[PDB]
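Okay, so here's just one chain, in structure tokens, the form solved without its partner chain.
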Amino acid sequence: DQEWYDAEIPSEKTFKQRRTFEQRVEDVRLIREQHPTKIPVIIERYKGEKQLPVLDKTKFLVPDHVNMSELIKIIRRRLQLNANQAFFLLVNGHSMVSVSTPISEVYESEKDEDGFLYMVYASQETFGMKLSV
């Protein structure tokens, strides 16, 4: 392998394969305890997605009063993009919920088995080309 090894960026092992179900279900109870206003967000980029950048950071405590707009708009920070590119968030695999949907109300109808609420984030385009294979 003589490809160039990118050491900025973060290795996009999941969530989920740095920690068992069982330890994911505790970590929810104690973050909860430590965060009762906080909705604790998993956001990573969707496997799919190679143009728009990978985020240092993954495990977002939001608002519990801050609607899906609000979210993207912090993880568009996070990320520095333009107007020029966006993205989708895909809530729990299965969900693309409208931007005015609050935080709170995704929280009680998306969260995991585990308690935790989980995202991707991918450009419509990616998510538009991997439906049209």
Contents of the next structure:
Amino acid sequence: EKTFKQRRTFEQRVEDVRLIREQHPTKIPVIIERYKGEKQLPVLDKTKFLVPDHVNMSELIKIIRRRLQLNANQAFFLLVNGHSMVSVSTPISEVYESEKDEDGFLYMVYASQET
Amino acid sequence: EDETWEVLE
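Alright, leaving the form solved without its partner chain aside, put up the form solved in complex with its partner chain.
Full complex below, order starting with the chain above.
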């Protein structure tokens, strides 16, 4: 199936970010998708997410692991620009400004093997 | 098509 960037045009994505940030100024707009070809981890039902500004990557990883109903022992990586974040205590509002895409979304992919 | 958002907290 097509990725989010392939299902929505660039100009549609830009406009959506502008409008959703007006409506929810304390939330960060995040696209979360399963890594291409990943089979151990399941698919999320939705693609577009709103994350409160204060949530850090450690907390977000916990949230997503719970949403996927993962076992505590199994590997899981949340990749922002193809790599795991090591500064897991910084709030996502700060991650957003450094790592957002050209379209204004913050893109994440999750995988089960070597980040 | 699905334009909705899920809130993560």
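Take the two forms, find the largest set of C-alpha atoms that superpose within 1.5 Å, and that set is the rigid core. Numbering follows the first chain given and starts at 1.
Annotation: the position in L71, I43, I39, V97 displaced by at least 2 Å at CA between the two forms, with the core superposed, corresponds to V97.
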